[PDB]
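Here we start with a single chain on its own, the form solved without the named molecule, put down as structure tokens.
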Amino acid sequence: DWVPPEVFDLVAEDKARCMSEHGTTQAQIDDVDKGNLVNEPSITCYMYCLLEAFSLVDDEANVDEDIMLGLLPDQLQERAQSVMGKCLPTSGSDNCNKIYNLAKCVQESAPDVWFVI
């Protein structure tokens, strides 16, 4: 990752709250970061919950492209713009399913740009 140690202190209160709400284990978060995505609410509602905590998504899992881009380092923004060209709009049966399809889409197309923690 390009995510610096500090960012783990930042999202700590929100990460812990998002894991309680959805029954998420740390092993599930590690599976996402090794490219092993499964359509399970405890992991995909966690992803939605974290994104929602940092205003990357609204109430129907529509992504805010400018906020999502400004979180990435400058170096990846060209490639992230192209990935976002492909993977947006979001799509799915509910918010958790939308973030699932987004994650699978972003990972398939460019592992570097996907922000789960």
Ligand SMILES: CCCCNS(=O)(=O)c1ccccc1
The other form holds:
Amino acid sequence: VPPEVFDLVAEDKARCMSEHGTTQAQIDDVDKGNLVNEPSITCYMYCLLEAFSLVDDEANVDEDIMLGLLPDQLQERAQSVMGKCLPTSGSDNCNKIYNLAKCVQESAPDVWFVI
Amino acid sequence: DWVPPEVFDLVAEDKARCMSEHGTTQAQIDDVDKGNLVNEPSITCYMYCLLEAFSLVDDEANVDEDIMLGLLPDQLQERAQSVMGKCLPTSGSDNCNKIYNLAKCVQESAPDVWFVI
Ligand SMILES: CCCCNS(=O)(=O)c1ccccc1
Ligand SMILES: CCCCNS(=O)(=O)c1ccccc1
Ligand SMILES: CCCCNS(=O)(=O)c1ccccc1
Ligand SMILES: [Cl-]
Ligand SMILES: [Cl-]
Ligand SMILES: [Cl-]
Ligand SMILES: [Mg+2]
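Form solved without the named molecule done; form deposited with the named molecule bound now:
What follows is the whole complex; the chain from before opens it.
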């Protein structure tokens, strides 16, 4: 019998949504580049980054792992955005990630990367 | 003021890039997605490329089990820990063959479980 196939990204998103009461409409908003400082979505964003080892349990970004998501041709651009936007800051892990996302959006308004 | 950005799905972009860079056909990707592998670089270096794009392995065939375990779902954690304990570290004739052998080891150990981007 063929194996059951598990879509890792779908699973990780599902788990993070369920942990924070996040709706599909909210995740679809973030996917369009529309950001709001509302914990039900910003805590989802933190959860998902943490699942990918992009941040630790205090929402500090692991720059090597974050740069590691991108192709070689985008490394210099990404390094420049990380120079403007790291280290993270904010009142809690979720607000740290809201502030990061806003900084990344404003620093590179032409493009928006999503998992 | 906000302007709509061009949105890029990392997974979609990574698959398109990796396909191009390794000569992989759509049929071959479809086979990978169903768990059917062959020890041909157009397949195995494509799989390597997708893993590397999420830091699951370096450019020297070293797999990071801690990053991997974080991505797997809760209900597979115990099985995944056991399977990866059995199948790591990698071994093989070259970078891409190491990933072929890893995939085959995981499939032998857990024939009912296959994970995809
Ligand atoms: C860059 C800051 C925005 C993060 N958005 S995200 O949480 O959906 C996410 C995107 C990509 C990988 C993991 C999580
Ligand atoms: C030039 C394109 C902007 C780069 N954005 S980013 O570095 O914040 C980034 C976003 C999501 C994942 C990894 C890095
Ligand atoms: C056992 C080795 C995994 C191979 N599967 S995959 O190439 O689709 C893949 C899964 C997860 C992330 C990236 C690529
Ligand atoms: Cl940081
Ligand atoms: Cl702070
Ligand atoms: Cl895309
Ligand atoms: Mg890399």
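Residues that one form lacks are left out of the comparison. Positions refer to the first chain, counted from 1. Note that the rigid core is defined as the largest set of C-alphas that superpose within 1.5 Å between two forms.
Once both forms are fitted on their rigid core, the CA atom of residue 35 lies 2 Å or more apart between the two forms. Core-superposed comparison between the two forms: the Cα of residue 108 travels less than 2 Å.
A movement of the C-alpha atom of residue 10 reaching 2 angstroms or beyond is seen between the two forms when the two forms are aligned on their rigid core. When the rigid core is fitted, residue 74 shows a C-alpha shift of 1.5 Å between the two forms. Taking the core as reference, the Cα of residue 87 moves 0.2 angstrom between the two forms.
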